[PDB]
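Excluded from the complex is one protein chain; the other protein chains are retained at their positions.
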Amino acid sequence: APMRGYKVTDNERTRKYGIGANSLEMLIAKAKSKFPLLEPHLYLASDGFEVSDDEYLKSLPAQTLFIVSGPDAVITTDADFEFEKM
Amino acid sequence: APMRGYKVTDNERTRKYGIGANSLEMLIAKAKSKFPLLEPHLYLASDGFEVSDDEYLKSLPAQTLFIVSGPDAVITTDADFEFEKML
Amino acid sequence: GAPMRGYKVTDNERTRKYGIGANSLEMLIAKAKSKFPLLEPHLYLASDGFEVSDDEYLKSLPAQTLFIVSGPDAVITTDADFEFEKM
Amino acid sequence: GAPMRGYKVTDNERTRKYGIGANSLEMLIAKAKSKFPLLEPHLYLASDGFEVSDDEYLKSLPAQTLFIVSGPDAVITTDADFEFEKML
Partner (left out) sequence: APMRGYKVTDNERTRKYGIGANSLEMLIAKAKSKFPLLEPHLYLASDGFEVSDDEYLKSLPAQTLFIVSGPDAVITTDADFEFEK
């Protein structure tokens, strides 16, 4: 599978990385080396939906923004995060 | 058939999953793994209509949101779910 | 043959709601019959109650058009009147 | 090897602006550091401040993408914020 670019940050948006990956397994492994998460899971920053498998990952546009967190995580969406900045 | 991405949640919109599938059988099987129902069925979150066969699934846009539930479920639609957040 | 398209079908009371894929009126009626065992199921536009009388009329309609399934010679309750009747 | 691509690099204050050809993130950072002497240079997207974390990400980007070169864990001023303050 081809290498694609994705964007990953944590729920507080404290560290922001562009990461290249050709599978969900690779993207999680690269995220795990960057964030203090022992069981990392990837969620859409837009609506909090969990990227549950490699097939869903590859259905997304390149450069999609993900929140990395733990399993079954409460995710602060982009809209919620901006609203909380006021 | 090609893999396409879809979104699945429960009627409470609590747990939310993006799932890739190339058929309705595969989408239901993957949804059942996350939502252990005896007879899982998929419904449009927009209007509650049941996705009754693979041909209907393939007629929908990728990234469509579905509510997973049992058979003959009465789904809370997007519009009524928001309004319930209002109350 | 003809392309598969998605349609929506419900009964006159709007109790059970199905998205159904079909490539002909014959196929759409056969699938509707499995969900609503009426002896001679017929499809009517939910918008204005006009009976889908042949496959050429069906193909003249947009995908995702909503139909009411009922018996023959049925005057169905249109969407406008159904929405009104609960208010 | 990997082909040369053109990229654009400036600093957080947009004081000097360079088009740079590179075939790897390692090369792009080295050429950027020649122009902007920094102890621990990293590249960040000028659009949203996301850090270019590896060569695979760099090569996923369109040619002529604009980067801010800065130190580590940097909070760079995005294009939108910089233009906003410029108009202020």
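Per-chain numbering from 1; labels A, B, C and D assigned in written order.
Keep this in mind: contacts are C-beta pairs under 8 Å (C-beta built on N, C-alpha and C of every residue); 3 or more make two chains touch, one makes a residue touch a chain.
Set against the missing chain, the residues D:63, D:75 or D:80 yield one that touches it, D:63. With the whole complex as reference, residues 4-6, 8, 10, 16-22, 31, 35, 63-64 of subunit D touch the missing chain.
The definition used in the following text is that only the chains that are shown with their structure count from here on.
In this assembly, the C-alpha centroid of subunit B lies 22 Å from the C-alpha centroid of subunit C.
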